[PDB]
Structures are given as C-alpha cells and as structure tokens.
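Letter by letter, the chains look like this.
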Amino acid sequence: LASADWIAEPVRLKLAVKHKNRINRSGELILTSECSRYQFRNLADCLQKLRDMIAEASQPXXXXXXXXXXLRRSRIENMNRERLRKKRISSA
Amino acid sequence: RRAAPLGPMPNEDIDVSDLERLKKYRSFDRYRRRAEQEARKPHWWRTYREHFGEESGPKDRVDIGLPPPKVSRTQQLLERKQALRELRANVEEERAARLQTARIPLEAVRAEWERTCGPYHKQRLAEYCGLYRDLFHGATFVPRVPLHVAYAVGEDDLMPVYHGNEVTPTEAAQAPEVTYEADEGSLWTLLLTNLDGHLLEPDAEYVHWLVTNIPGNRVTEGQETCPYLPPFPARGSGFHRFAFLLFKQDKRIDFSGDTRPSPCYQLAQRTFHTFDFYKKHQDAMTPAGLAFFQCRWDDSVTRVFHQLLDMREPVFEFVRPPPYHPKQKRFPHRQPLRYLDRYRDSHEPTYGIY
Numbered sequence: 104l105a106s107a108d109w110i111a112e113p114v115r116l117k118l119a120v121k122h123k124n125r126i127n128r129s130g131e132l133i134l135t136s137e138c139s140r141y142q143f144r145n146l147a148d149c150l151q152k153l154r155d156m157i158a159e160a161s162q163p164x165x166x167x168x169x170x171x172x173x174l175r176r177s178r179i180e181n182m183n184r185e186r187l188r189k190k191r192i193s194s195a
Numbered sequence: 027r028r029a030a031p032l033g034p035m036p037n038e039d040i041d042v043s044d045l046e047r048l049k050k051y052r053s054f055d056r057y058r059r060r061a062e063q064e065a066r067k068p069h070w071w072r073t074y075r076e077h078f079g080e081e082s083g084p085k086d087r088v089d090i091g092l093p094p095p096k097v098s099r100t101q102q103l104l105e106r107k108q109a110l111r112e113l114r115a116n117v118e119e120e121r122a123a124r125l126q127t128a129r130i131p132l133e134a135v136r137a138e139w140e141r142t143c144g145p146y147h148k149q150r151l152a153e154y155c156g157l158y159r160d161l162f163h164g165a166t167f168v169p170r171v172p173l174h175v176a177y178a179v180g181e182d183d184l185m186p187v188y189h190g191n192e193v194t195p196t197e198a199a200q201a202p203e204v205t206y207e208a209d210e211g212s213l214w215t216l217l218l219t220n221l222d223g224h225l226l227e228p229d230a231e232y233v234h235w236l237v238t239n240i241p242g243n244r245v246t247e248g249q250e251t252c253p254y255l256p257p258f259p260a261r262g263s264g265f266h267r268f269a270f271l272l273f274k275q276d277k278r279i280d281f282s283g284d285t286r287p288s289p290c291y292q293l294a295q296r297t298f299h300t301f302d303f304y305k306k307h308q309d310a311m312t313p314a315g316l317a318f319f320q321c322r323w324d325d326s327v328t329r330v331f332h333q334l335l336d337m338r339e340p341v342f343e344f345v346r347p348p349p350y351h352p353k354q355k356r357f358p359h360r361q362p363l364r365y366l367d368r369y370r371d372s373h374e375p376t377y378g379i380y
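Chains as they are written, first to last, in the entry's author numbering: chain u, 104 to 195; chain b, 27 to 380.
It is possible that part of the hints are untrue.
Unchecked claim - Taking CB as the label site, the calculated pair distances span:
#1 u:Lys189 to b:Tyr146: 24 to 30 Å
#2 b:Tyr377 to u:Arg184: 17 to 23 Å
#3 b:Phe344 to u:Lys189: 31 to 37 Å
#4 u:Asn183 to b:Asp371: 30 to 36 Å
#5 b:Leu363 to u:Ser139: 34 to 40 Å
#6 b:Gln200 to u:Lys189: 31 to 37 Å
#7 u:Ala107 to b:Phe342: 26 to 32 Å
#8 b:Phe342 to u:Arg140: 39 to 45 Å
By construction, these hints were calculated from the structure, which means they are not laboratory data.
The beta carbon of each residue, even a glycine, is placed where N, CA and C say it ideally should be.
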C-alpha cells in the first residue's frame with residue numbers, strides 16, 4: 104500500500120483504514136476470490152473488489168451509512184460498558 | 027396388563043370424597059407456585075431435568091475455602107430488630123413512602139452486599155461462567171475477601187473489573203491497580219489467568235500477570251514473576267474470560283520453577299494449569315478473592331501479535347455443519363424441480379465430451 108504509486112496518497116491512507124482487516128504485516132493488501140472454477144473470473148472478481156474499494160475511497164462524499172439492525176446490541180453493550188467506565192477517580 | 031406404580035402417585039394424597047370441603051386454588055398464581063414446587067422435586071419417572079443435562083445434578087463439593095466468619099446470631103437478630111424499630115417508627119419514612127418518593131443509597135447497598143451476601147453471589151456467578159471447572163476442576167472456593175481490580179483508561183478515567191463484566195483490550199493494554207484490606211502480618215499471592223484461548227493445548231491457559239509475596243495492600247512491594255501482558259484474543263473467537271485470583275500464604279514462599287524471564291514475550295513460556303500450580307503450593311496456599319472480566323477482539327490486538335510475539339495474527343470464523351439431505355434417489359417422486367439442485371456438486375455447466 105505505501106509502495107503503490109498508482110494510487111494517490113489520500114487513497115493510499117484511506118484504503119489502509121477501512122480495510123485494515125485484510126492488511127498484512129509486510130504492508131500487503133490481500134484480496135481473495137473463490138466462486139468460479141475458471142481462474143479468469145476469480146481474477147475479474149478480485150480486480151472488481153479492488154476497483155470498488157478504490158472507488159468508494161476516492162469518492163469523498165461517502166457517509167458510510169450505519170445500519171441499526173446488526174449494531175443495536177453493539178450500541179447497547181457499548182453504552183453499558185460506558186456506564187462502568189464512567190467512574191471518575193485519578194488512578195496510577 | 028397393569029404394572030405396580032413405584033412409590034408415590036402425584037395426586038394420591040388428596041381425598042376425593044366430599045370435594046366441597048377441600049380448599050381450592052382461587053388464584054392462577056397459587057397454582058403456578060405449587061406447580062413449580064412440584065417441578066423441582068426428584069420424581070421416579072422420566073422427567074425434563076433427567077434428559078436435559080442438569081450439570082451432573084448432585085455433586086459433592088470439594089470446598090477449599092477461607093473458613094466461615096465467626097458471628098454470634100442473637101446479637102445480630104437483636105441489633106437488626108432494633109434498627110427496624112428505629113427505621114419504621116419515623117413519620118418521615120411513612121409520609122415519603124405513601125407518596126411514592128424515596129431513594130435507596132446504592133453505595134451503602136454495595137457496602138452491605140460486600141459485607142454479607144455478596145461473597146455468596148460471587149460463588150454462583152463464578153459457577154455460571156465456569157471459573158471453577160477449568161481452574162480448580164472439581165472444587166469450590168467461597169470468595170471471602172473483597173477484590174477490586176481497575177484499569178486506568180485516562181488521567182481521570184477508571185475502568186472497574188467486576189466479575190462478569192465486558193472489557194476492551196484497549197483498557198487492558200496497561201497494568202491494573204488492586205484494592206483489598208489487610209494489616210501487616212500478611213502474606214499474599216495474586217494471579218491473572220486467561221482461561222480459554224490457548225491455541226496449542228485446549229486444557230491449558232495463559233498466565234498473564236503473576237505476583238508473589240505481598241505484605242498487606244502493597245502490590246509494588248510484592249515480588250513479580252510474570253510481568254504484565256495485555257490480553258491477546260483472536261479476531262474470530264469471541265469473548266474470552268479472564269480470572270483474578272487471591273491466595274493467603276503462611277510462610278513466605280519462593281518457587282524457582284515458576285520464575286519467568288523479565289521481558290518474556292514468547293507464548294510457550296506461558297503455559298499454565300491452576301491445578302498443578304495449586305498442587306505444588308497447596309499446604310501453604312488458601313484461595314481467597316475472585317474477580318473476572320470477559321473480553322473480545324479489538325483493534326489494538328494487531329499491534330500486539332506483530333510487535334511483541336513476532337507472529338502473524340490468527341483469524342477464526344464460525345462454521346455450521348452442511349444441511350443434511352436424504353440419499354438422492356433415481357426417480358425422485360412427487361418432488362419440486364429444484365430437488366435436482368440440492369445434490370448439485372458445484373454451480374457451473376459441464377460439457378463432458380463436448
């Protein structure tokens with residue numbers, strides 16, 4: 104990612120943020136394709152996912168819309184551990 | 027052909043002659059209660075409890091405790107009766123109660139819970155998350171001494187570790203502070219274990235932070251064995267549980283087999299069985315406090331695996347067994363067309379010789 108010149112710096116840095124799950128310690132961005140048994144279409148799928156990540160990153164107007172259906176329990180559990188973290192005393 | 031009923035038959039006891047003179051359940055609620063009362067007794071016929079895994083049912087507990095605190099009951103009873111007399115006769119509390127305005131002082135409740143009943147709730151909460159099965163293997167210790175473990179998340183911010191609470195690896199990236207009270211004749215040993223998440227050996231755990239020979243409340247003054255290691259769960263596998271344990275020791279003990287290198291990054295160096303450890307020190311060591319927290323993968327973890335352990339980071343998923351299909355039959359009769367697609371190998375045409 105840092106070494107790829109064909110992507111601009113803002114693209115470089117924001118593709119390294121959203122996608123940090125598939126990034127490798129050697130700095131590698133790793134794409135995986137499966138479905139077809141003809142490797143042609145697999146290549147096409149990886150190149151497509153790549154074009155979609157580059158597109159979504161390059162468009163600044165993306166608001167990354169949050170769904171409340173999967174994350175409601177996450178927001179509740181987050182608030183609830185926030186009420187415990189909320190204890191105020193100077194420590195260490 | 028009739029068999030002979032074995033012992034009691036559920037309604038045998040009541041006299042059906044003159045049904046009018048038997049009292050009734052006028053309330054659906056009373057019925058409900060009596061029903062559950064019956065459901066809890068061990069009947070002589072096949073029952074729900076029997077087939078559904080009551081966790082062994084009856085178990086004869088190996089109790090390694092700190093001996094039960096000695097108290098005279100008449101004193102307690104009287105002091106309580108009097109406290110009740112003083113509290114009830116006050117017109118303030120009556121006027122306030124009738125109009126639905128009162129507050130219970132949560133802090134004082136926390137104090138009383140700590141003093142009396144809490145140490146018993148601890149037992150079954152540990153039982154819930156199974157802090158017993160994996161560590162002491164058969165054995166129950168009652169958590170006599172109060173244990174306060176805390177992580178500093180900021181200059182002003184303190185994250186508490188309560189038994190059963192969820193905490194993030196971010197707050198566990200730093201060493202904790204501990205509060206419990208003892209005068210100085212005292213000798214203590216404290217332990218922080220990761221009860222699951224051992225990659226090579228399912229029955230083994232990771233000692234994270236191990237401390238020995240502590241007078242009173244002084245943690246800095248106790249000799250440390252394992253310096254503090256931030257929790258390193260796996261991205262896939264959810265919600266590991268971490269146990270904080272306390273032991274009383276009689277004479278100061280030093281054990282070289284347990285001693286670890288100072289930086290100690292390697293994972294195989296930390297391999298643990300609370301069982302064997304407690305076998306080693308058993309006579310001098312009595313288990314005291316318990317506090318555990320539940321933690322799942324978080325961003326900081328990637329920094330760990332690469333920087334400390336010089337290792338690639340593992341990612342796990344969840345696999346559910348492929349849906350069972352009956353043997354395919356040559357002429358499936360009366361089945362939808364899509365039947366053919368259940369035994370589909372892969373989706374792609376194959377022109378065999380073409």
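Verification of the hints:
| no. | hint | result |
| --- | --- | --- |
| 1 | u:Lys189 to b:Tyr146: 24 to 30 Å | holds (28 Å) |
| 2 | b:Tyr377 to u:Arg184: 17 to 23 Å | violated (58 Å) |
| 3 | b:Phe344 to u:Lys189: 31 to 37 Å | holds (33 Å) |
| 4 | u:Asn183 to b:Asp371: 30 to 36 Å | violated (48 Å) |
| 5 | b:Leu363 to u:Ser139: 34 to 40 Å | violated (25 Å) |
| 6 | b:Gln200 to u:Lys189: 31 to 37 Å | violated (18 Å) |
| 7 | u:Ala107 to b:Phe342: 26 to 32 Å | holds (29 Å) |
| 8 | b:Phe342 to u:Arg140: 39 to 45 Å | violated (27 Å) |
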